[PDB]
Structure formats: C-alpha cells, structure tokens
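Protein chains: 8
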Amino acid sequence: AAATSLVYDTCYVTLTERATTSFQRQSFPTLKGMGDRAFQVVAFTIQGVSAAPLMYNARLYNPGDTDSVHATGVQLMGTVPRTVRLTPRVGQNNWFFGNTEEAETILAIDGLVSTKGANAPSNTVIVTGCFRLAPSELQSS
Amino acid sequence: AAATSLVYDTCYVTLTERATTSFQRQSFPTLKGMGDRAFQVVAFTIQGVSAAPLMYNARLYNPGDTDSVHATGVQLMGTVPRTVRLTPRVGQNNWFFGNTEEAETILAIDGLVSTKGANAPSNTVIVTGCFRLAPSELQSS
Amino acid sequence: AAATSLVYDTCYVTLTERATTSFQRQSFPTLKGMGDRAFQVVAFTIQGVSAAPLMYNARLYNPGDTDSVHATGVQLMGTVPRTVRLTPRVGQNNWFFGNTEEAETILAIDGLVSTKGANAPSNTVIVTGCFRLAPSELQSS
Amino acid sequence: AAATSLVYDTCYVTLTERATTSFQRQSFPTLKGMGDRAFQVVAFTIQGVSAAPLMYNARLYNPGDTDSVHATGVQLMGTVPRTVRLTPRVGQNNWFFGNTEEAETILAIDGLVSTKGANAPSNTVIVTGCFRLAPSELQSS
Amino acid sequence: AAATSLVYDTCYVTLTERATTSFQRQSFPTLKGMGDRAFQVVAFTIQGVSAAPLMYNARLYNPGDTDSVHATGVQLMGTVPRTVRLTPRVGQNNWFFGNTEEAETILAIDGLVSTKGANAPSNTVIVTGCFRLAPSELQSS
Amino acid sequence: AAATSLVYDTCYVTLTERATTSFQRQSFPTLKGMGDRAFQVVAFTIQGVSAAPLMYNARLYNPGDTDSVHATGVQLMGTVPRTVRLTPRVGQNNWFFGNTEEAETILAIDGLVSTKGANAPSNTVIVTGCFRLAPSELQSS
Amino acid sequence: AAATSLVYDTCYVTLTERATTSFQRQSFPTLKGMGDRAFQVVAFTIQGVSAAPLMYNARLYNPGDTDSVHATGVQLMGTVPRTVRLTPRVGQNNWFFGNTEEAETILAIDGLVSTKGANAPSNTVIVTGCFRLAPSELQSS
Amino acid sequence: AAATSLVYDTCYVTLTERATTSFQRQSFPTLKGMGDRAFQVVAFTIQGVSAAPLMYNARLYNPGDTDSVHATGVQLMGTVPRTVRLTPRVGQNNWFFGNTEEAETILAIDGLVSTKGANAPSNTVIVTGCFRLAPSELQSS
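Chains as they are written, first to last, in the deposited numbering: chain A, 17 to 157; chain B, 17 to 157; chain C, 17 to 157; chain D, 17 to 157; chain E, 17 to 157; chain F, 17 to 157; chain G, 17 to 157; chain H, 17 to 157.
Simulated from the structure, these hints should not be mistaken for laboratory data.
One should not assume that every hint holds.
Said to hold, decoys possible - A short list of chain H residues far from chain G (calculated; beta carbon distances all over 12 Å): (1) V29; (2) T46; (3) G51; (4) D83; (5) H86; (6) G89; (7) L92; (8) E153.
What the hints assert, rightly or not - If you anchor each label on the Cβ, the simulated ranges turn out as follows: (9) H:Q155 / G:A17: 32 to 40 Å; (10) A:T20 / G:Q42: 45 to 53 Å; (11) G:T99 / A:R101: 34 to 42 Å; (12) H:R148 / G:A17: 16 to 24 Å.
From the three backbone atoms N, C-alpha and C, an ideal C-beta is built for every residue, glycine too.
Looking at chain A on its own, in the form it has when it is part of the complex:
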C-alpha cells in the first residue's frame, strides 16, 4: 500500500479578448516533469487583476474531452486581485492516467469583453491547481 500524494502547481498568464488560454499538463511544473504517474484535479484557485473592466471564465476539462465539464462562469476583473475557487464534484474529476500527453488540456480560461470588438486591457491571472497523485508507474531493469 502506497499513500496518495497531494501537490499544488501554478502557472499564470495574460488573457486575450476573444481567445481561450489553455493550461495543459506541461503548464504545471511538477506535473510536466513527474513522469508516468496518474493524477486528479482537486481544486483550482484563480486570481485576477485587470487594468480596466474585463471578464474571464475558467473551465475544467475531464481527461480527453473536447469541451469543459465544469466552469466558474464569467467573472469581472478589477484593478485589484480577486480570487475564485473552482472545485469539481463527482463526474467532473476523472483521473488522468500516468501517460497523459503534455499537451492535454486541464483548465482553459476564456477572455471576454462587454463591448463588441473591444480589446483586453493589461491583465494577469494566476492559476493554482491542487492535484492528487497515484503511485509512480516505474520501469524494470
């Protein structure tokens, strides 16, 4: 019997008006280089500052889905950091197997503007994931 580990990884980014920013396995330091060991999304924390009015929407993906099974819903962005926590419930947190490709999408954050055609002001978003890890699937000699 080998106990499950728990880790917090974190990348960040600047959002773009009519675009979606993808956070894949490679986006999270530890997950990117931990090797062949499965993992699961426990919770995600999203902090966000924008120089001017601006919205976003963080969406959690299940492994191999073409679209997100969970989301935070549009969030406003002020000139001050504001945090939102996304938590998957049953059926929104299937485990990603050990060999999940580096480019696999985990969390995607859409950028949105309320005035047609407008462009996103300066803005930053810090995304922190909380993941469980099953035992390493080691190689024999």
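Using the hints, position chains B, C, D, E, F, G and H against chain A.
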C-alpha cells in the same frame, strides 16, 4: 463562484417490440436549447402503461459510451401507470460537456415481448430526467 | 405531480450614459431555448466594474408591464467588481407564462452620469438571474 | 370586515388527442352564477381514467394570460382513476376580479398520444377547483 | 441595496347614492407627486359617518384591472365614525409600476341605499392607504 | 390617531473643488411632491467614488439655519465606492414644517482638495435620506 | 427497481521480468461469461510469492484508457505469500458498460527486477477482483 | 479465505395453460456462463401480468430432485404487475455444485386455468433469482 442549477426535463414515447428507443440531448427541451453548458444525470423517472402484457428496460449511458453503464432491468407493464426510478451511482454519472452533440444518447429504453415474434400492444412511457447544470460557457464580444 | 426546477442564467453588457439596457427572455441562454414552460424570477445578482465614476440602476419588470415594479436604486461603480442582489417580494414576481415572447423585458439597467452630458467610461456588468420553472407544456403526436 | 368564503366546484370531460379542453368560469357551476365577486384558485384536483394508454397535461392560467403559468406536466392514464393535484404558488394565483367574463380560461387540459396520429381511447377526467371568494360587489337601489 | 419605504396617504369624500367614487393615484398626495417609483397597497383604513342610514362598499383594484379583486362588502353608516380595514392577501396586491398614470384607480367606494331611488344623506368618508415604495427610478444627466 | 410614515429619497451629484453642493427639499423626489406635510431627517447615507484623490464633507442643516448643526467631517474618496452614514442626535433633527420651501437646504456637501488651487477629478456622490412624515395637512372643500 | 449484485472473481499468473501481465474481462470467469451487463471495480486483492527477490506493481485501468489511473506502487516479493489491496477512489472507478470487449484491460501487473537484465525467479500472483453488477441488458423475443 | 459473492439473475417468459415452464441453470445469464463454481438459491422474485384471469404456481427445486421441495401456491394474475417472493428455508436450499449441468432445473412455473380446457390469455412473468456463489474451482496450468 456560480451555483449549480437543477432541472427536470421530460419527453415520452410508444415502445416497439424488438427495438430500442433512444432519448438524446435533443429529446429534453431545456437541454436541447440551453446552449454550451455541461450537465449531469441525477435521476430518471419512468412511468409506463401498456394495453396488454409488455416489458421494457431503461438504460443509462455515460457520455460517449457505446453501451449503457446502468439499467433498471426488465419491468412489467400493466393497464395502469407504474413508476420506476433509475439513479446513477459513482462512475455511472460522468458529466456531459457543454458542447455535447444533440444526437448524443443519454437514456435508451428497450421494448420486450415474452412470446417469440409477438408485437407490442398500445403503450406509453413518460421519461423524466433530473439534471445538474454547470455555468454557461459564454462567448466574448 | 412534477417538481419545479431552478436555474441560473447569465448575460452581461457595457452600459451607456443616457440609455437603458434591456435583458429580455432571449438574453438568458436557457430561458431563450427551453421552449413552452413558464418561469419566475427568484433573485438577480448584478456585478459591476467601471474604469471611472459611473452609476446604474437595475429594475425588475413584471410580465407585460410598461415599467418596472422593483429596482435596486442607483448604484456607484468603482474600478473593482461590486455586487448587488435584487430580490422581488410578493406582487413583484408574477410568473411569465410558457409562451412569453423572446423580446419580453425582464430586467432593465439604466446607465447614469452625475455631470450633465458626460459619457460613460469603460464598464462591464454581469447579470445573473435565478428562475423557477413550471413543467414543460409539451405537444401531442 | 367580511370573511372570505371557500368553495369547491367541479366539471368533467372527455379529452381529444390533439386538442386542448378549456375550463372557463362558466364551466364551474357556482362561479358561473355567483355574480360580481372576485375569486382565486387555491388548488385543483384532477382524476382520470382511460380505456387505453393516453396522456394529459393540466395547466393553470392567471387571469387574462394567453398561456398557462403553471402545469402538472404530462400524466399517464390507466384503466383506473388516478388523481393529481395542482397547486399554484405565489405569482401563479392572481385574483380574478368580480366581472371576469364567463368565457375566461382558468384551467386547460391538453390531450396527448405517444404514437403519431393516433386517436384517444375512451377517457374521462374529473376536475375540481378550490376557490376563495371576496365579498359580493352589490348594486344600490 | 436600498430599503423599501412605507407611507400613509389619505384623501376623503362625500358618497353619492347610486355612484362609485374612485380614488386614483392622484387622490393620494405623496403618490401623486413622488415621481417614477413603484408602490404597493399594504392596507386601507376607511372611516365613515352618515347623518342618516346609508351603506358603502370599498373595493381594492389590482393595477390595470377593469374591476376590483377585493372588497369590504357593504358597510352600514351611523351618525358616528366607524372604521373598517381592508387588507389585500396574495394575488390582490400586485405592485403598481413607477410610471402608473395619475388617473389609475386604486380603491373605489360604492354608495348604496336600501330604499329604491332614495338619495344619500350628508356623509363623509376618510380613506387612508398604507403603501410600500420601491427605489426611485432616477434620470441620468 | 394617524401613524408616521418613513421614506427613503435619493439624489446624487458631481462635486466641485471649492464649492458646496446643496440638497434642498426639491432634490428629494418624494419630499418635493408630497405637499403640505411636515418631515424629519432620520439618517443620511453618502456613497462616493472619485477618479483621483479628493475629499468631501456632508453637513446636516436644521430647518432655517444659516449653517449646519452636524457634519461627517472630511472624507477621503477612492476609485471605489465608500459609504458613510450621518445621523442626527437630539437638537440636530428639528422637524421641517409642511410648507417648507422647495429651496430650503437640508444637506450640503463641500468639495475639498489638498493641493492649493487644484481641481476635482471625475467624481460621483449618491445621497440617500431617511425621513419621517407627519400626517398630510389637507384642504377643505 | 433491481438491486446491484456483488461478485468476487479470481485468476492468477507467473510474472516475467520486463513484461506486463494484463488481466482483461476474459481473465475473470464470471465477468467473461455473464453477458451484457455493466460492472464496476470495487477492490482488488493481490497475493504474491517469489522464490527469490522480485518486485511487481499492480495497476488499475479505467474503461478504455491507454494507461492506468491507479496503482499499488512497486511491491517486494518474498518466499512467503504477502497480500496487498488496491482500492479505487472517485474518478478511478468508472463503470465498464455491458458490452465491454473480452480483451479489455482491467488490471495490469508489471514485473520488475532490481539488477539490470536479471530474470524473474519462480513466482506466482493471485489476483482477486470485487465487482458490482448492474442489471442484465436482456434481449426481446 | 475467499468471501461468498451474491448475484441477481433474471429471465422471463409467457406461460401456457396446461404446461410447466422450467428455469434451468442456462436460463440465468450469469449462472450459465460463470463456470465451475457452486451456488445457492437465496430468494426468488416473481412478477406477473395477464390480459385476462389466469393462475400460476412457482416451485423451487433442490439440486437433482424430480419434484419441487417448495412452492408459492397458485397465484392469480391481473392486468397489472403483481409480485410474489419465494424464499427457501432450511432443507429447501441445498447448494448446487460447480459442475451443475446447464439443463438442471431450479425453478418451474406451472400455468393454470380455472375453466376446463380453456387457453391462457396474453401473459408475461419476470423471474429474478438471488444466488450465493462459492469460490471458483479453477484449473491448473
């Protein structure tokens, strides 16, 4: 943070002796036209009347499965409405992502006869689903 | 007996100085495409950010009224999201019948400026409605 | 001060496959001939027998609406009486003023079939309303 | 969030034998000049003195109704003030939107005589309304 | 005996650097058009946003005074709404008689700058008064 | 309503140094011949004896995954039976639908050696699965 | 030590007037294909619908008996499903060894008519068995 909504949708149908009736996303009014927002099956209620002896079997599908992961098992049909409730347990209720195709199967109900080659008498079945809905995955301007 | 469903829908917008933004049935994704089934306003949540000083006033309409029966009263807008909740009491929440036209007004938000003739700075408003839904009024075959 | 009266009225009918049966003020004996005194729907009880499989859907109207604000949802009909009770909640029970026209619709019951083009078998439906009555609006001499 | 105000307004009148006296928005001082802000009837108090036998009947109207949804029922009038209180229950107190026309009817009081063709003796009636007020629907600059 | 009513009225404004903005009877919708009925200041709520550093000072006047008997003291203004409540104690809340002139001053708000000769940046202030109202002083026929 | 059955199935094997032994649906007697009825992994018990030092690693697969979502982690093997229990948590136990192919992988056990190129000594492993079974998806006549 | 499994299997049928329908090992999906592992009857549930008056009698057999050691006794059949549960007590539930032949009889249901020579109307019967299973009797390599 945006709370999960809960909705009851309902279609119906006449079953056919050696056929399976599929209830897809489009079969449920609200789900059909709610747009890009994920959902999950909470419970299903099946009512059924048959003019003569006749059986059926409601089966719950997970998203994208070729076969059902849960079922009610064959049920008899009398000349009076009789209700059965199907409830998914963990692993039988994965969430369907927001962009799930309209033709995706959710619940399938097989029609059965106990005498070889016989045909199904007049019969109706009312199917009501209970679904959870994640936040809408809106578009930017 | 068929239980009432509860749903959260949400659109957003940029307000204009001496104009009123109308949120009609079509403005809410689920309501827009759920078909012929009545609904009622439970509560409305309004979040708002403005790049510079700016006011607004959300007003709830009863079905078919020429004017709003409830309102939040003018609200100030800062460079940071600030939420206000509008809740109808008895007589301010009559049900909208199933066939309510898509263009029917539910919530209207006026934009206001404190200096004569001034124009509204960049601003966004996220509006979330909480609605009850009566059973679907289905068609026969 | 004059206390509110409470009355139970009741008509019945045979439903038709792709038609809607309207129960108007005139359909209820007492309401039809009580004169100029307002009233309100408290509850409705619907009993139903059908010689063969058949569905129906009772829908409550508010005064002067073009469509129903409440409904029971489709109900199955067996060869034995089965009762359903419809109860309006706030916003679904506005009072009908004393001079409400005899032809005003209160409850409408749709008839439905699960097989395209089929016809409704023998069937009866007993509808009982429970209404509150405000004081009579009498005439002077 | 802006709290609801509560106000007591009051007009009076002499009743006429086979006539109905209408108390419209303009009849109540504050309501007449408060501007664009919705309101609701909480309770009405009616005091009445008559030099000789005489009856009356106060009736509450919902907004835009052609007839009253509530009433006190005929009341006798003595040579001494006698008060009656009319209180709307759910469905008899819908809110009047902010722009309700000044001539809109709220309470109507019928005058009645027990002897055919007789005329009403000297009489006065003091009517006091209790109303809730939603926030003012202000104009922008 | 006629109970005292309680009302919330509200106007707003943009402040000017070395000027005082007066809120008179006419500035409050209901008070402006309620007619001949006395009133008293219960409390005042002042919200304020400023695009840049800026101060203000709300001062309550007694009826007919040449200067304010109460004040909030200078308040700072940030890029986010900040509320302050002014409440009169005994001797600072004398009643204004029914015929108080429309131009009578109730609350005055001074605008202030910390750098000599500087000008006030964009700014808005929402002022809400809470007033008690004595019975209407009606006219005879 | 038909209750879920619970079954224990068990196969065994000799592990090979740099190879992975797959336990598919066919490997478990009952599952192999039970027909079209879905099932789920509850727990797995692995017993193991090795004539000389030797390691192994049991890994649980979700249905249709290319890699395992759970594992026991490398385990040592002595000259005496030693048991380890593998239990899936949420997201590691999705149900396998009724028509799951006989060759579908459920549990895979890797064989490992600590000295490069060495070969595995005599060894046996007994694997017992605990599975839940949904109702049979029967055929009509 | 290996725990006993518990399974629910279920077949169905149309009964014939003066005939006995046998449910053998092969009639139950799981039992038919589970291989060499003994089992025992825990309980049997029998549901039954008949288009017209008709009787039946379910009888439990011990392994290898020429006649049933337990029975439900004649049961009436209505136009509505009616369930009966048969439970063996000690001496009526001997275990069937692993190699029990597929054609071995477990439960037999006689069809009966109350009028001499009459024929059975349309009818269906759903039979569900509850069985305990001893460990599999596996083969060596």
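Hint check for G:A17 and H:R148 - Cβ pair distance inside 16 to 24 Å: 21 Å, holds
H:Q155 versus G:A17 beta-carbon gap, inside 32 to 40 Å or not: 38 Å Cβ-Cβ, so the 32 to 40 Å window holds.
Non-interface claim for H:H86, where every Cβ of chain G lies beyond 12 Å: 22 Å, holds
Distance restraint evaluation - G:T99, A:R101, Cβ atoms, bounds 34 to 42 Å: Check passed, 40 Å falls within 34 to 42 Å.
Verdict on H:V29 as a residue remote from chain G, using beta-carbon distances over 12 Å: Violated, since 9 Å does not exceed 12 Å.
Outside-interface status for H:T46 - nearest CB in chain G farther than 12 Å: Non-interface label fails for H:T46: nearest chain G Cβ at 4 Å, not farther than 12 Å.
Given as non-interface: H:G51, which should sit over 12 Å from chain G by C-beta: At about 5 Å from chain G, H:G51 fails to clear the 12 Å cut-off, so the statement is violated.
Nearest-CB test (12 Å) between chain G and H:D83: Nearest chain G Cβ is 28 Å from H:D83, so the label holds.
Non-interface label on H:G89, tested against every C-beta of chain G at 12 Å: 25 Å, holds
Nearest-CB test (12 Å) between chain G and H:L92: Check passes; 23 Å lies beyond 12 Å.
Whether the CB-CB distance between A:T20 and G:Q42 falls inside 45 to 53 Å: Roughly 30 Å apart at Cβ, these two residues miss the hinted range, so it is violated.
Verdict on H:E153 as a residue remote from chain G, using beta-carbon distances over 12 Å: 10 Å, violated
Taken one by one, the earlier hints fail for this structure at numbers 1, 2, 3, 8 and 10, listed in ascending order.
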